[PDB]
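The form deposited in one PDB entry is given below as one chain in structure tokens.
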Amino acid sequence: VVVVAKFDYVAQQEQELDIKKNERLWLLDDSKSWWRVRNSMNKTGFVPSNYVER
């Protein structure tokens, strides 16, 4: 699935991707949602949203 950047996104962490408006992007996992989480040793990263519950 090719998608298109609607707007500029300036990465606010080294863990995010910078994209330019109109940029052609390849959407990689059947458009699955990821969430950003932090563990008890203060490490942060993305996990697929379906792997956690409140």
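Residue numbers count along the first chain shown, from 1. Only residues modelled in both forms are compared. Definition used throughout: the rigid core is the maximal C-alpha set that superposes within 1.5 Å between two forms. What changes on going to the form deposited in another entry:
The smaller of the two rigid parts turns by 172° against the larger between the two forms, as judged from C-alpha superpositions.
Look at the core-aligned forms between the two forms and you find a single run of 3 or more residues with C-alpha shifts of 2 angstroms or more, at 29-54.
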The other form holds:
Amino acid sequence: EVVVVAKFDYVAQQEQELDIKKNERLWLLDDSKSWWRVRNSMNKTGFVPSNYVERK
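Next block: the form deposited in another entry, after the form deposited in one PDB entry:
Shown below: the chain alone.
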């Protein structure tokens, strides 16, 4: 499993996106396009932009 941390807040605009807060711990499901699929601490999933998260 790969953990990434949110660099910035992101507000979901589409049902398949995920709301994230800066410094939130996330798990990376798919990094093969510019929408990255992530999972949060409560096992909700969705897409966030690649530039919003990084491996610490």
